[PDB]
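K.L.:
Here is what each chain is made of, one letter per residue.
Number of protein chains: 2
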Amino acid sequence: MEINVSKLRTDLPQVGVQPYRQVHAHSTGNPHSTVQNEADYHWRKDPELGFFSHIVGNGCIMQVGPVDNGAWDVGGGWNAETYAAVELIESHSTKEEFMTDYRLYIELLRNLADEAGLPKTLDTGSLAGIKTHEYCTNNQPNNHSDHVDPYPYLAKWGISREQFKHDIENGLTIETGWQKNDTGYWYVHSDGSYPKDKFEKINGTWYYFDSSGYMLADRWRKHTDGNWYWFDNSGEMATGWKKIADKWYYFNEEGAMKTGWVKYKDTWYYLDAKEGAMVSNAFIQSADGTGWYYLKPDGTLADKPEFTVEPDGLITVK
Amino acid sequence: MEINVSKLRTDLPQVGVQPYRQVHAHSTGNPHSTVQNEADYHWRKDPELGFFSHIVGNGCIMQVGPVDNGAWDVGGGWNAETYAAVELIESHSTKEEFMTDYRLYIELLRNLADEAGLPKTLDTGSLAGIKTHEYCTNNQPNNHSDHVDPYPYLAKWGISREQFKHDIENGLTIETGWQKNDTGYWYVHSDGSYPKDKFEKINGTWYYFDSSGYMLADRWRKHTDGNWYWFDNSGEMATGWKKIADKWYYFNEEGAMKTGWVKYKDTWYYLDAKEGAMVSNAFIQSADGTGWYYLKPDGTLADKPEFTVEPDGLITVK
Ligand SMILES: C[N+](C)(C)CCO
Ligand SMILES: C[N+](C)(C)CCO
Ligand SMILES: C[N+](C)(C)CCO
Ligand SMILES: C[N+](C)(C)CCO
Ligand SMILES: C[N+](C)(C)CCO
Ligand SMILES: C[N+](C)(C)CCO
Ligand SMILES: C[N+](C)(C)CCO
Ligand SMILES: C[N+](C)(C)CCO
Ligand SMILES: C[N+](C)(C)CCO
Ligand SMILES: C[N+](C)(C)CCO
Ligand SMILES: [Zn+2]
Ligand SMILES: [Zn+2]
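Line order of the protein sequences matches chains A and A'. A prime marks a further copy of an entry chain. First residue of the first sequence: 1, per the entry's author numbering; consecutive thereafter. First residue of the second sequence: 1, per the entry's author numbering; consecutive thereafter.
Calculated directly from the structure, the hints in this document are not laboratory data. Note that beta-carbon positions come from the ideal geometry of N, C-alpha and C, so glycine has one too. Only true hints are included.
According to the in silico footprint, chain A covers these stretches of chain A' (three or more CB under 8 Å from chain A):
(1) 280 to 290
(2) 297 to 310
Between beta-carbon pairs, the in silico distance windows are:
(3) A:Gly204 x A':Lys304: 58 to 68 Å
(4) A:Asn227 x A':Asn281: 23 to 33 Å
(5) A:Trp220 x A':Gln285: 24 to 34 Å
(6) A':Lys304 x A:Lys265: 35 to 45 Å
(7) A:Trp220 x A':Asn281: 26 to 36 Å
My request is simple: use the sequences and hints to build the entire structure.
P.N.:
Pasting the structure below:
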């Protein structure tokens with residue numbers, strides 16, 4: 001992993017003695033500090049106020065103290081078991097920024113446990129392994145701590161204590177971008193979320209995803225704007241003219257199915273106001289209700305319709 | 001009451017002695033005999049086989065034996081309490097024929113109880129009053145009878161034992177023909193039934209009655225034949241042209257709302273196939289799909305429509 005050691009303090013005291021049986025998972029408790037803020041403060045601060053080894057934030061890891069040397073990180077006896085103490089910043093604005101750092105945090109904690117010759121377990125009853133500050137607060141001997149990080153901050157962004165344990169113990173893989181199974185496609189954002197019952201523009205193209213997250217393909221959808229949209233076999237939102245089930249429809253540049261008069265090259269077409277399909281061999285009343293326009297069998301507006309009237313008088317138009 | 005005494009036997013023996021405390025309600029137990037059949041048989045028969053005083057059937061009452069003389073009618077000790085014994089025939093083909101006779105039966109039983117100085121009660125615990133053969137069978141001393149008339153035959157035509165008792169004790173009024181309350185009209189047939197959810201022709205005129213029996217007035221109804229019918233303020237089924245809520249409809253001679261082309265005097269009108277109303281200022285495609293007929297703003301078919309075409313070319317028709 002890439003580790004920034006520019007603020008790694010080399011003047012910190014050893015706490016306890018080897019072997020160190022624990023890696024400690026923390027969060028800063030600061031809603032505004034960046035990873036650099038934390039490193040700079042840690043750099044100049046009085047170590048007796050507490051110290052640690054790594055800070056994860058803003059897409060990077062800054063090692064601020066030694067490993068395998070104990071630490072004053074959990075306010076109690078298990079300071080003497082600290083192989084490493086990893087802090088996660090709490091200043092994320094979005095779940096995406098959080099997940100980016102959470103991935104590094106999980107990988108770092110797991111790596112440090114392996115390096116220290118410890119089980120990759122979270123908050124178990126054995127002395128060794130990865131322990132949260134909460135677990136230390138609750139279980140360490142000679143405890144002087146009331147901290148319960150990082151569970152509250154993780155829960156904020158949707159990581160339950162059961163998920164944290166699972167990620168620590170299994171590692172974390174988030175398959176992002178287009179995904180597919182036997183049922184259909186879905187699209188996973190950087191943070192693991194995916195669109196459901198909504199439009200999403202992906203790589204310059206609009207798609208719609210159903211309530212389970214499945215991309216709509218070869219399907220109509222009446223949107224919330226009261227408009228009809230159509231999605232072809234690739235899921236792409238229809239624009240322009242489309243022949244759908246042997247009928248012609250027209251969609252504007254924003255995908256909305258149009259009704260009424262639409263110009264096409266040298267001619268005009270009329271799309272049924274009720275069902276949307278191109279109308280043919282029909283009279284359409286003018287907007288001022290003065291008169292009528294005739295649409296030929298091929299759908300094109302009759303520029304110069306000619307009429308013959310039988311005695312009936314049945315009208316034939318041409 | 002009108003009583004036919006042409007077959008009144010004067011040779012029957014007295015049974016018991018005055019006073020006679022009971023009027024007995026019977027039914028013949030014969031599914032085919034008419035009132036005359038019963039009277040003729042009673043006339044020639046061996047009295048020891050049983051006898052009575054009145055037979056009600058076919059819209060009349062034939063007195064076949066004396067009153068106030070006892071009778072051999074109930075096969076037991078209360079033969080000696082018989083002031084009168086009234087038999088109802090069981091050969092009715094319809095509920096109407098039954099009700100006609102049932103009315104006479106009720107009135108006769110009540111009248112005979114009054115005449116005999118007895119309470120107009122049915123099957124009570126006191127010695128006196130109107131007693132069914134069933135009640136006698138069940139309660140008389142020295143019983144040799146298993147007859148339970150007239151309850152089964154009454155129940156056949158919809159008179160429960162509770163109704164029989166009520167009619168005997170209160171008398172019976174059936175208000176027939178047109179009836180009305182604050183909600184609407186209903187029409188009561190001779191037998192007390194009235195039409196519900198159906199057409200009924202009354203005095204040469206068709207009406208429709210809802211599921212509670214209320215006549216429909218100023219209302220549409222889609223019938224079971226898939227046709228629409230309309231009923232005006234008097235309930236009469238619409239035929240011919242009707243303007244309903246400012247729109248014109250046409251109904252054929254059987255009341256069915258017509259759609260399509262209808263001839264009227266010197267002209268043709270067209271009634272919308274979907275909602276039925278007269279169409280105006282519109283083109284209607286010919287049946288062979290060859291051409292069109294134009295309907296003027298007033299709804300009349302344009303015999304000689306004349307067209308002018310603007311460059312648009314917007315068509316104006318006249
Ligand atoms: C993530 N999937 C789209 C596979 C299913 C959601 O319900
Ligand atoms: C001919 N239409 C106008 C209907 C479709 C064009 O592609
Ligand atoms: C309705 N959307 C704007 C989401 C798509 C079309 O532009
Ligand atoms: C009627 N539309 C064509 C608009 C939607 C398909 O069902
Ligand atoms: C009645 N039609 C309209 C069908 C024919 C005109 O004469
Ligand atoms: C006899 N009524 C019509 C009054 C009511 C039936 O439900
Ligand atoms: C004029 N209509 C034909 C519509 C009605 C006749 O009474
Ligand atoms: C449908 N009915 C026959 C009952 C009435 C019209 O004639
Ligand atoms: C539509 N109709 C006129 C036929 C029935 C009224 O609701
Ligand atoms: C497009 N309209 C049919 C409205 C006008 C013809 O030029
Ligand atoms: Zn902590
Ligand atoms: Zn009897």
